[PDB]
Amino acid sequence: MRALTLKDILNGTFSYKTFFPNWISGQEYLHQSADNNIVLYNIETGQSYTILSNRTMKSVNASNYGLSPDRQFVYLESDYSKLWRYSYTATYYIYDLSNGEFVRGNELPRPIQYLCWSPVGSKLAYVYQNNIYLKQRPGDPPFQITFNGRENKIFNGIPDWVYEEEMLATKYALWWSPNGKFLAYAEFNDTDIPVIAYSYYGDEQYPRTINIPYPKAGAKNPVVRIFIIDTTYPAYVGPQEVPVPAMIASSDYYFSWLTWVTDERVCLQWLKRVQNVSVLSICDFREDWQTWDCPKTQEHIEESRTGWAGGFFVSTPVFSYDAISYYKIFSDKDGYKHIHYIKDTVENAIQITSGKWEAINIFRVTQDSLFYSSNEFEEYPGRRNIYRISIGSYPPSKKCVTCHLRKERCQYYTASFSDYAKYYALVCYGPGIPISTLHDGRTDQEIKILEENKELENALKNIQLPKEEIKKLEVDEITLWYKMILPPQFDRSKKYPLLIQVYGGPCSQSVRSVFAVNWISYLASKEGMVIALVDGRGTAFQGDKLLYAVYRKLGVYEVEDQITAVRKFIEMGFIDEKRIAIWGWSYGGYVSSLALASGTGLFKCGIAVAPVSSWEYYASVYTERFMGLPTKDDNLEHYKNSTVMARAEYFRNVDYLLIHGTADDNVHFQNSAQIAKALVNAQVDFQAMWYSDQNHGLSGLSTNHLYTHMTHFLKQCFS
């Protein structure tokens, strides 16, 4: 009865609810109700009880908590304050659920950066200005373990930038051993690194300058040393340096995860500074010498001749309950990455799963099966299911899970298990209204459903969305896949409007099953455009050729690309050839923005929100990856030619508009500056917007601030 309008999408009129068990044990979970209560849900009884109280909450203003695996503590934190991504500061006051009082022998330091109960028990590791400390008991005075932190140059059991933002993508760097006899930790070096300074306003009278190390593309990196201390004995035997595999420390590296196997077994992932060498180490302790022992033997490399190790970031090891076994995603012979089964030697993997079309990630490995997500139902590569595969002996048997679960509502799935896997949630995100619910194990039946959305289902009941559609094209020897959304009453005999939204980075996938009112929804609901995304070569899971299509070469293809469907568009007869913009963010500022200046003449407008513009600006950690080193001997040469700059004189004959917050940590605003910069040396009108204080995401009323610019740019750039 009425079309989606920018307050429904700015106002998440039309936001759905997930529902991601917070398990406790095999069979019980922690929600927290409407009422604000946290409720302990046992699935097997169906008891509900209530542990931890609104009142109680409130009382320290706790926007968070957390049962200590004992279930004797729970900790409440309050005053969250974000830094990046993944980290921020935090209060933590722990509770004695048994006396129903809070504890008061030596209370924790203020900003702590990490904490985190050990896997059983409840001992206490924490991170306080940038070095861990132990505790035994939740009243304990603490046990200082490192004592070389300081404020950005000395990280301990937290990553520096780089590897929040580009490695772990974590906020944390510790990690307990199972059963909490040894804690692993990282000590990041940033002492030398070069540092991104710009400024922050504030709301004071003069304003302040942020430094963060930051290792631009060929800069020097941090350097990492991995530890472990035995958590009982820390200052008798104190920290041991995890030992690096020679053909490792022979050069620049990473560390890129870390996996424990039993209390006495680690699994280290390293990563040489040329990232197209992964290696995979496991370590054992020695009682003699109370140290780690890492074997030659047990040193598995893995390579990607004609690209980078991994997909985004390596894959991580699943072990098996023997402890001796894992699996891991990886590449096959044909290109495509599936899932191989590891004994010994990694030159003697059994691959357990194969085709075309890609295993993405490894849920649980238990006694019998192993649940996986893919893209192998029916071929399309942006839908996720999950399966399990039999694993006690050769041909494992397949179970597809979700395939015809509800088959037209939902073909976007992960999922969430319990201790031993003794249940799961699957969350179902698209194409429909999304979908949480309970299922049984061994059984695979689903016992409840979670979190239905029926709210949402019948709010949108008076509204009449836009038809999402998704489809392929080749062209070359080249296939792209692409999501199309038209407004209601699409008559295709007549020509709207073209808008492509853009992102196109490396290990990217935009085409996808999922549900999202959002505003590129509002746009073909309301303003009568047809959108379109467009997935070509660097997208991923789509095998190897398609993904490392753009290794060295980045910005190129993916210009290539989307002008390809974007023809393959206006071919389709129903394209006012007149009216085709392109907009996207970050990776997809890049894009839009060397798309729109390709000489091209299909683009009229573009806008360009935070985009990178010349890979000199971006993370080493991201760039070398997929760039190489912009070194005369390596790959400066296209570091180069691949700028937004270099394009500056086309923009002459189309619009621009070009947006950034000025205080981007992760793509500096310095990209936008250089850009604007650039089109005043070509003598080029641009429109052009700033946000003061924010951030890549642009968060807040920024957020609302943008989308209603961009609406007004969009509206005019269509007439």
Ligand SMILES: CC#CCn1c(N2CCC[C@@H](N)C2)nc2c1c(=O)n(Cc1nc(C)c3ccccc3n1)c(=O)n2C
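Heads up, when I say rigid core I mean the largest set of C-alphas that superpose within 1.5 Å between the two forms. Numbering follows the first chain given and starts at 1. What changes on going to the form deposited with this ligand bound:
- Only one of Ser393, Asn462, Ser98, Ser251 has its C-alpha shifted by 2 Å or more between the two forms once the core is superposed, and that residue is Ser393.
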Contents of the next structure:
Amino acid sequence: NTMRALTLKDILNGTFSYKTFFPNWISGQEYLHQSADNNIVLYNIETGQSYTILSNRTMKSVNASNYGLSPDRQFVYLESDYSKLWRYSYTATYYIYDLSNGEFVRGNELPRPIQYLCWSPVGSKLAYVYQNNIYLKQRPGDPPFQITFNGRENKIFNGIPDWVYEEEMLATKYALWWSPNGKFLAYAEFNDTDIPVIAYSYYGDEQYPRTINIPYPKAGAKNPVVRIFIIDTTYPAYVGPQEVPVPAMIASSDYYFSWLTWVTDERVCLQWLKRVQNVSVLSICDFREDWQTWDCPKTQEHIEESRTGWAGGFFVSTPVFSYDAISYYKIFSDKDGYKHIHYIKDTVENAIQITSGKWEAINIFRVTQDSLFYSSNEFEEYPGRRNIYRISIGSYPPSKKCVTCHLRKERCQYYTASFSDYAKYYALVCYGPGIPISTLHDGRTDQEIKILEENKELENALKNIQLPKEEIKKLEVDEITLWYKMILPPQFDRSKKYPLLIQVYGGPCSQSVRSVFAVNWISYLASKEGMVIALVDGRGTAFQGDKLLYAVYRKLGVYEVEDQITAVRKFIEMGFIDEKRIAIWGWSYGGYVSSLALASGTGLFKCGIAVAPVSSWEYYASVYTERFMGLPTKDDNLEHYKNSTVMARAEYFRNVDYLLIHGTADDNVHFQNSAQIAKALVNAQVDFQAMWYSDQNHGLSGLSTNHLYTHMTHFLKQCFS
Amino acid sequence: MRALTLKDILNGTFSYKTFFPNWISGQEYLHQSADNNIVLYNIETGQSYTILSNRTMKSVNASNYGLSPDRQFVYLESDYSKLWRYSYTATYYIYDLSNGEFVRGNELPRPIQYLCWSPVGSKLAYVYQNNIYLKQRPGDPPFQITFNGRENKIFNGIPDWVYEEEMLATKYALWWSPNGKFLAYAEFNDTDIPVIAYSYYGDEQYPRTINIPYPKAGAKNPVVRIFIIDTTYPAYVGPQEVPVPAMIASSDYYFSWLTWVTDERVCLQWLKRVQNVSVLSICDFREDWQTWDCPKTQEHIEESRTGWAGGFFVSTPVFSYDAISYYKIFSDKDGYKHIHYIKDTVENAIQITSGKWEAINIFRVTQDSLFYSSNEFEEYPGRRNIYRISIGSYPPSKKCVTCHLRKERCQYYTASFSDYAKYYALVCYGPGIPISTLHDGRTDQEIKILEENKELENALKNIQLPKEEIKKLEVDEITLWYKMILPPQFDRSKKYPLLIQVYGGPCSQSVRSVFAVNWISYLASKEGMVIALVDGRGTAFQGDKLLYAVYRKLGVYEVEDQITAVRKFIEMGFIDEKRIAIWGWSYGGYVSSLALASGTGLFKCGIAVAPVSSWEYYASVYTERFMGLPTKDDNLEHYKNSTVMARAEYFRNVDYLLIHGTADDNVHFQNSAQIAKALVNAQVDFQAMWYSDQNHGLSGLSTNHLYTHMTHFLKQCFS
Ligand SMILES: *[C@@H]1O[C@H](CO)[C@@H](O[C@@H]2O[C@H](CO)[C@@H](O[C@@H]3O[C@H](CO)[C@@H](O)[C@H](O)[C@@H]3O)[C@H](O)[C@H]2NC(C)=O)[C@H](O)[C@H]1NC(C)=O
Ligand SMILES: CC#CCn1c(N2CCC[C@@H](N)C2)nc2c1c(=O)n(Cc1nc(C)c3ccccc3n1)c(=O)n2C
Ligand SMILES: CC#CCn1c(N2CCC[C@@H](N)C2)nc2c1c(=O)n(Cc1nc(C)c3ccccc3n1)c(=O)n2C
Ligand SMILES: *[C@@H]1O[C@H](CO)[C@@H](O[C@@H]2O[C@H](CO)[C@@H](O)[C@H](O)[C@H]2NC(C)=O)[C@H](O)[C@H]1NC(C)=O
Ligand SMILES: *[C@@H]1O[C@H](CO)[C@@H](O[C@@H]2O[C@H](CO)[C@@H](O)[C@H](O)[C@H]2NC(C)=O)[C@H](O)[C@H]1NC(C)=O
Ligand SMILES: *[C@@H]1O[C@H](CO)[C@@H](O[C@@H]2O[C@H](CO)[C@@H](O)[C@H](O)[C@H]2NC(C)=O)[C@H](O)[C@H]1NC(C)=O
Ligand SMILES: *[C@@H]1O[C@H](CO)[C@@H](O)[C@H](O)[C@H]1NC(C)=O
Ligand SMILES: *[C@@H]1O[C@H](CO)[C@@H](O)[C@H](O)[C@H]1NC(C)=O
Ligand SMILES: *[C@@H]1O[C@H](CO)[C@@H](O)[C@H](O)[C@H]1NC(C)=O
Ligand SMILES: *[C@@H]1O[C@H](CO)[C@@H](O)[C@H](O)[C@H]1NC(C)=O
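Output the structure of the form deposited with this ligand bound; the preceding block shows the form deposited without this ligand.
What follows is the entire complex, opening with the chain shown before.
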């Protein structure tokens, strides 16, 4: 064979895709996995042997795409008829299979379509959502008991989140949680009745288009109301569902429900977040026997507030409880402003700092009897790497071990972990910089037992490909460090002038300079079209302390734009960039940033591309916008909501080539955002190129993705030649 | 001295003025002068006086006026709020001219959808919240005629969306009798019609949905009931329904138009939903029952075995002074639309005009004369000349008033007649600079020049305008008339890039002797391009064989005829076969898209502005007229085969530019949304542009942006 450059076709077909192995743990030494001919194999690590538990002929009999083994292993649910709704939500038909009998569960059949379904943590209890209502099945073939009755489509939601909670708050399709032993079922009740709706046309394949209404609260609009209830699953008819008391300081004004964490069958932990998202409350509630309800004392309310910015990051960090079920470990900012692990027993005041330094603790994976596992930046001071650490708890001389630092140093510096029951064994998934690799380790010695997915097919395929060189370096301008990823063309010469493309996102709590392997569009642009690509992380980006993160608080569309400009000026003075041929592209938040950078009036960028951009913070969800911007009122931050729009910079797009793209059925960043930019450019008498994608979601999935990346390539090749 | 610039076209620098007198009597007319005073001019005693001052108009921000026939009052129209093509809502103020003060009292409500005076006296008729009200005297409390008017459902006195656009082409649906004794009105019911919903972004946090009851091809149609009310005693017997003919009511139907003959005689025109047959029913008033009798003996059928009834509309009759007979334009034995004279029956109709040319419109039927416009002169179908023929005199007369009035300059006319045709005005639209003159209605002599356009004549002195030529091609027994616009200092030895401007819809004509300084004049004047406009099968005024050729076969012959013409223009030697383009709007957007995806390799690039993509998405009134019903028993097969989306894979080696306004109520954005979706599925690249919150015509700074964007696309395509 002969070495060849990447093609656009290779990227669109996903020829250089990688496989990942996350074991579906069922016990401390057992896990499930789908085989090549679609069977379900049960691998036991201690015994070393595997067996088929659910055959391909049983899955094909009902056109099943997914499965779910019950904890007691008596039954397995068969998921078929997947019908996607929003980012996480989907509807499906569920078939219970009796493994012990060798036949499907016939009788009090499950309805269709089911919005969410799950087993209890022990036994064969079932909980499901149908027509925004929760139902309970003690045994698979038993008639269901209806828990909720007010569920109405697009108005009252039970057991599943509404649009805004699914997207910006919970980031999941469910809103119900079983207690550790299935004694209680906790759930949430969302009321979207008075929220204004977003309406958009869906053309489809019928003579007339249909309107799609979604209750969506834009910045400052009426928000949904939430009521968390806990019902006794053993005797639901006795006292019924009990509402969980909301803390006095949370209920004083509008509030959000952050997350629910079960501690024991008689103790649950709820997190609340005031509408002004700079103060969160961790309330611990205990079950009482004299009232059959949940008592929430003032003594068990732990406040976490941020005087500089917002509480947490994308979410308010969840606590990981100790074996004693009274104390917990949580990640939050220290005195210096770095998000580190703390240990809280009684009160927040007496919290003990577990990790410290000019780096951040990202996630706590497991809190065992003697070990604590977590991921961090620490290794070699690179904020874009992720490594797994293991620290001792309770032992007199403490231990601290980096499991993955030197596991495969050159190839692997971005890991994630998946723990078996009680951390007896665990799996590490390496995502880059090299070819991703999934391995399985002993939970006591950290030793690698076997390679789950090595990716030898992708390694051989890439042999004859001229992949670009990726470099993660930093710039130090005016006490502000800018980390950047530069993608260089094959056979790169520091004496030549290369056209430059900037890929931007820059949204608060984000990070785009990571040691992650990816064979994407910008890899093709550097491999075949000889372009230099750059990704810069400035103010507002996460994992480098709160001074960097909270710098964009109430000032969106200002520093993230300036930092891309500062970086381009620095890349130009390196000598290998053609100052005449520079471009910037982005999607969503990156579409807002590239539009503002292109209309900055600096003359650095020749052309720019904005895909589904945000044009004004008055058009985005209250949950995201108000977290980083505040209220759009005269008494608060209305002034900056008006000054931070793309439409106010319309006259500045006169000598630059602008390409504006947006999907007509975008439920997340509505088409209204691009419709307003286009209207402002028309009024300003400014020429630009545009593209719409009919009936397409925010991500433009399908043949639209092909068309988009082809259309953008044509625009860049014209701009650069 | 200098070439035209895009800015000159966008600003309307080379615009022309037109003078249509607002007749009030047989020798008088009103006109809003330079200082915005309403002046009255008398032709006989050549005197003028200001009847409504600029101070009176400015006091209520008035943009329009309406003098009552008795001249006691004048309505002052202000707060104009456009709705659809013709409809608008405004505030009206009655001014008492005799007293010198505004009419105080039972004030008119706001906003009023339509308002008009009776043909005599001070009677008022107006539509408010889809209901008709009557004011005997301006300061009197109104008498409510209708009560069922509900927004977007029941319409009274005004048409619904589809009747306003495709059927009446007017903002009103009420007609006063010749002396104001009776008021006739329409009642439209859109209750079960499916609606078209589209987002209107506006300037608020959330966009709003706009719903319009719009019947697409084959969908449920609005129902119509016509009534007549005695305006002297409307409480006595009330509104009486006009009997619908037995053969019209048998299935779905349309009300075509209403024509008052005398106070006690009215003429109604009906159209069957299968638009190949129309009925002219004459109804008389009966004292005995105070109702309208419509006999079978007074039903005149007009059917078309080859195609549809009429042109864009079913021609209206013009009655004689005897009020029993009438003159109507329709096809003869040979297939040419000529004037006929009907006394008793359609069978015994007498053909008034004949030949291989068409009579376009009947302007006025007087006691001894008949005025009409036609093609006849020098056999040019794109010309309009006004003729006068005698009626009643033993040896008949026939003269062409306009033919040699100004032969080189003027060959496209229109006429505005004063009360009883005592005087009339001729408006020349081209080929030369438009001119409006005033003629004596008895001798046809020119009395004065109303608007000569000397400002535009002087402005164009230093402008080297392109040469326009109207010629014809004769291929396979089919004559194609074309207008070619040549660059200044055109050389027949050089190769020039070619742009085709297309419309090609049924009943249309784009090769006319009309003066215009438009976008394509700039493209030829500054960008050295040859421009062409071809009229093939489906275009009107050349007989029914040409017109009905596209019957039930839309998107086929009009496309082929543009291709046949380009092949002929190429073999002329001065066209660069490598640089050819085609642009069109609306129907022209459908034709240019199909021509670009024909697979002939003639066109390099094409532009489609607000195109129709499938006949499933367009108005039933227009679509089922030339294509029939989209059912298995009728023409569903061709409805499916005549789509732009079915030709998606053919746009692969051509440059396509697709433009469409998001708030287009006429040709919905759905049409372009479907084309874009098909091109994505076919993996075909194209350039696109949307216009937020803009109507079908993209009026305002959106026009500026569109014409600029299209110029860039063509400049790039022709380099
Ligand atoms: C846009 O087009 C309009 C015409 O539709 C232009 O308005 C006209 O501009 C010309 C030249 O500036 C004016 O002509 C001069 O008028 C004076 C009397 O006012 C006369 O003494 C001169 O001999 C000459 O004819 C004209 O008055 C003016 N207005 C009208 C009603 O025609 C306008 O200027 C164009 N815009 C641009 C930017 O060119
Ligand atoms: C508007 C907005 C917004 C903010 N936002 C969020 N949040 C948190 C989660 C909830 C969400 N509502 C808001 N997640 C995001 C982004 C974002 O702009 N981009 C850029 C981006 N996005 C996409 C889709 C891209 C696709 C291709 C290339 C680069 C891309 N870059 C992202 O990638 N992700 C994952
Ligand atoms: C779909 C469709 C359609 C049919 N249509 C109608 N009818 C009768 C009245 C009722 C209506 N529903 C249907 N009037 C039309 C057209 C049409 O295609 N074009 C072409 C055109 N249109 C526009 C707007 C143009 C603008 C610029 C240049 C060329 C243009 N060429 C016209 O000019 N006019 C005046
Ligand atoms: C699209 O990409 C897939 C891989 O994602 C290609 O399929 C592979 O083809 C090679 C050919 O040697 C096989 O050995 C692999 O086993 C295939 N992998 C999978 C996952 O099927 C496919 O060929 C690509 N499409 C095209 C047209 O090249
Ligand atoms: C307007 O049209 C609607 C629908 O065609 C009429 O309503 C129907 O009238 C019939 C007869 O009175 C009833 O039996 C139906 O149940 C009605 N259907 C609906 C959908 O309402 C309505 O009466 C008409 N109104 C006028 C004033 O003509
Ligand atoms: C008017 O047009 C209609 C079209 O629907 C003609 O009706 C057809 O007549 C035949 C007679 O055998 C029927 O079988 C069909 O169902 C009808 N439609 C078609 C096109 O198949 C009607 O005859 C025409 N009338 C006139 C006077 O020309
Ligand atoms: C939901 O909210 C509406 C409107 O605010 C209110 O009327 C109703 O009581 C609520 N319903 C439930 C079940 O919470
Ligand atoms: C939280 O935000 C509000 C509004 O900006 C501010 O007034 C308040 O003091 C902040 N609270 C803390 C603890 O920072
Ligand atoms: C508005 O925003 C611009 C940046 O887009 C900034 O330069 C200006 O100072 C802001 N403030 C006001 C009051 O305009
Ligand atoms: C109003 O008309 C008078 C008389 O023609 C004139 O003098 C005056 O200038 C006009 N005012 C305006 C505003 O045109």
